[PDB]
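The data below hold one chain only, encoded as structure tokens and taken in the form solved without adenosine-5'-triphosphate.
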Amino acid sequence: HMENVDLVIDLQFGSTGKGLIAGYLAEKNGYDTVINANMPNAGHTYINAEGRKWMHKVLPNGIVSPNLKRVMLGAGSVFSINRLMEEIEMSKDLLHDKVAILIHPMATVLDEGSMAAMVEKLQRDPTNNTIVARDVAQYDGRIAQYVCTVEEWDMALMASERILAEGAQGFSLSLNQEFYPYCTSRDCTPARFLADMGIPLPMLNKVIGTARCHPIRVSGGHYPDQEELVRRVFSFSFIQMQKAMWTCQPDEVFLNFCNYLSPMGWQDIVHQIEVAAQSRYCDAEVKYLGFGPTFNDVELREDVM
């Protein structure tokens, strides 16, 4: 009942490719439940060993799990119903048989922007029955079939055997990190992600942090030990990693986009990530290395260095 959630988080500016490791872990570990709480975003990509591609803004990338039973969209979600229905249709083969999709009643429905909808939910206007999923489901049957009660949300988490939780955006984009106001509207930290998915703290088993060799901002400042090489590509920042390690405390790290650097380049970053971890009381080791955008391009660090 406890220690059964694996939480995937991005340790830099949100472009580390967390979707690749979510899909990879879902295929390897076969979680029965996959959960997230995304706000509108550019999409998270996973490509399997056969070349099928999923670009998701709403659904978790973990729906590729061979043991999938429950897909859960948390209270912190802010989503377009049109986009959700399109993503379900595109993966109807994975979602039609013995799979339950659950939308938390207090998830926010986007009016067919992100800020105004989140603000509308926070206003708590008693006569407004058009912002939270529980209320929209009373007149929009597209989501009435998936919206659950708070009690049903809790019971689905209790009934889950192994869960994959997928975090949002990235650590340095947090509302309360130093780049404010050039940041997102929430903190991008494990504690906020579990809060926004309604996951009790004892359920956390491990945190998998994702990083890139050259972080990208997709719009805000950068750390003093990095420089630029609408998208801005930066060199690796040790300070960024130290800050992310202290707060996020990952247990394992996936270092992606190693294919764009020389052997010295990506191996030096592997060692810097581990020095950053140790410097901030974190025992994380780099376990996975990404050398391309597909399942076939994820390698075990212990097998290549």
Given for the second form:
2 protein chains.
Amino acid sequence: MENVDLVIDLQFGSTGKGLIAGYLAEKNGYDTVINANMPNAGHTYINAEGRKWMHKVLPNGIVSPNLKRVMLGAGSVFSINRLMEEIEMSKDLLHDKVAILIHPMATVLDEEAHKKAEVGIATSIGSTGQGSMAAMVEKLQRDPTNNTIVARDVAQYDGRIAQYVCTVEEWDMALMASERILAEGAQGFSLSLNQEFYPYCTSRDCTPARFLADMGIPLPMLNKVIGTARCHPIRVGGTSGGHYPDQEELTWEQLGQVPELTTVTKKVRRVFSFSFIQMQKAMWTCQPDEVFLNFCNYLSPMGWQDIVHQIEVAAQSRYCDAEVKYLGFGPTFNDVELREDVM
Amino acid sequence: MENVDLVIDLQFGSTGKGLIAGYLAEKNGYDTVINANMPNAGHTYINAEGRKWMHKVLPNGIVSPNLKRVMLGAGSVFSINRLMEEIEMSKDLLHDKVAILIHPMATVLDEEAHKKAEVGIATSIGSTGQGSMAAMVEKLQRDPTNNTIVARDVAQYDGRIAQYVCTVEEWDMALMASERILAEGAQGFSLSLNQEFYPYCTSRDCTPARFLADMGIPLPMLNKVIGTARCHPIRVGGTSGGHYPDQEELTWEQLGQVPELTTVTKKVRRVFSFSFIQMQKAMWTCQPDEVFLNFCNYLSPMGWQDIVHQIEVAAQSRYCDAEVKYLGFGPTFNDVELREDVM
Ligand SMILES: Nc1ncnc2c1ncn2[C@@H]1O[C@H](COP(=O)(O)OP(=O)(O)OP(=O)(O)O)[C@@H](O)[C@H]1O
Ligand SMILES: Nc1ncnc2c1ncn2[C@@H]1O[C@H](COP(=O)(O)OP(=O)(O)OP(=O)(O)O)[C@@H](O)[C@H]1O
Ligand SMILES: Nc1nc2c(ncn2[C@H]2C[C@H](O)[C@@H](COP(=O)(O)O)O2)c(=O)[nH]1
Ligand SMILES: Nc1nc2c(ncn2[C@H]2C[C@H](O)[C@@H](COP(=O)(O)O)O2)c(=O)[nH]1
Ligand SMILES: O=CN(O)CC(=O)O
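I've shown you the form solved without adenosine-5'-triphosphate. Could you give me the structure of the form deposited with adenosine-5'-triphosphate bound?
Let us now look at the entire complex, which starts with that chain.
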């Protein structure tokens, strides 16, 4: 039954999960791609030809040459307008023989109401203010008169998603019928609701157990976990929370790099030195089998080789057999290197 | 690393998870007992001597002869008054050499405000109205001025829990230092937020993936899953939701048994015939290794033997190796029989 490869972030997010998901989809040729994204932030993949996908709804794995199923988990929070645009942009990949399945209990974002509710926390905790938690709360209220929050009910008056919304039985059968599955996790380990930075965190745990639960994947289906990390972990701009005791906040000037910003709000990302403590904590809970170490282009060979080294000993210390298999030197498929080939 | 035994419910709850947890604790002698309960759930264990434990906070596994650690997960929602009463009632078991650990992000119930917020759903969906979701929502709001919702902040002004509230580091170390762990799940598979009965469901998924996430247990620690079921599945009284297509609602008079009353409330439980569809769905997602079939005292030998049989074929059909190892014939330790000894 072990046929699921799960992509997980080991730090505070924006490690390049979109790039490794697209790289693994092209290399391994999964028939099923699945996720449980909320509108907090996007995922970027750029192939060998320079074609770019920037997704908030659809998995980046839709680039798989053997694609048959695209699955949006029960933990999903999505804009219907955005989903329509993403499907349209990749119409060539999402042909007649590709089934798009939206879990009946996936949450429909009310762009006006859900973002207006998060205006306060967007400043107080540096929240993305995308309406993720406000939409989640509305679903949790379980009011039988509210037919405007879950995909199953919304589809009865908004026909744009009616062809995609499946039953719970169809969801379990789609997973059962799958040969090889790529499960795409979002956000970051240290952003977990139940990690130590509360309330400077997201609205859920960002762990393999929580991502498998949000996608309705039974635990025996898990084949391997692919953990992602940066040489210099980031946080979003503003009063976005603390860091670990073994790390320090840096400036983009100190790195000799162009300041990283969010795509839409243009908020300058906060940047930190590598944390071994964060790595031990992420290793203990996430237990990855393989690691992707990205943004190696920000350091000299001695620098990123030392971090590869720190990661593997941090894994061993927390009973984890994780091996750094991939190294990122840029944002495209061409910038992903095999560790064995460069060190 | 495989040292966690997880107790989960395969139906709509009240299958007797409290009884099997207490039975397994006395037989296997776990040093660590862990859960992530909410005030909607009551759990009962009665030992061989007649001593009764009715818990809403503490795991029932505290009856273990080798008890060293009692752990209340980050997913916990608890009344401090109730926790105080449960600790006092089991003072003999919770001696100086037993460490009680409350996750820093476990939620403190505000009995007035959280229960008042759930008055509506207590009738509309037959919710227990115990304040579980209202407390969960307050934590999700992540307001930095609110120091009254998570255990970590509450421990700074309410000294009743200050000795028990640990750090996230202490939590991971407690799990790492443990020899054998009993993880106690609550509610039921079919009550899951993302099963087909929405909005007639609870405020989370009741699956092994969600319960391991709510207790902060890494996936490689899972040794085995013990699924629980009744011969006649139940629901709470009122407009509490639908049933599966292969089952029918019965009466307590039709069964010739005394009407069961809900633990948190006082309402008469709704009772149904066994559902094979429910069992296949629960088997597919929960994937138990062992099964406890309880309330066999409500049927004749031919009747419960047929149900044991249906369960095992439902498991096989969903690629699950589950074996019915235990049979319940009453509410005490003495009423738990090994299947091999009676059929
Ligand atoms: N090594 C690299 N060098 C430079 N830019 C890169 C590199 N790898 C990825 N990027 C860019 O970094 C940005 C953040 O990455 P991306 O959105 O894919 O991350 P993510 O891990 O999926 O984020 P999150 O889950 O937090 O939304 C993107 O604009 C991406 O193209
Ligand atoms: N075989 C049995 N026959 C009769 N009564 C029983 C039997 N087993 C347990 N009981 C009683 O029936 C009730 C079952 O609820 P209990 O708290 O034990 O279950 P639970 O599975 O832990 O509940 P929850 O849904 O809240 O997680 C209790 O009052 C218990 O003492
Ligand atoms: N990089 C990144 N940060 C996120 C994401 N989701 C949440 N966060 C961070 C931003 C804030 O510091 C904090 C709270 O934001 P939010 O969950 O949107 O309310 O979590 C994500 O997908 N990526
Ligand atoms: N039997 C049982 N029902 C529960 C439990 N927790 C919740 N429920 C049911 C009662 C309602 O039908 C539904 C909504 O309840 P609540 O989670 O209290 O809002 O879930 C539990 O532990 N046992
Ligand atoms: O870089 C991506 N952002 O975090 C999301 C957006 O603002 O669009």
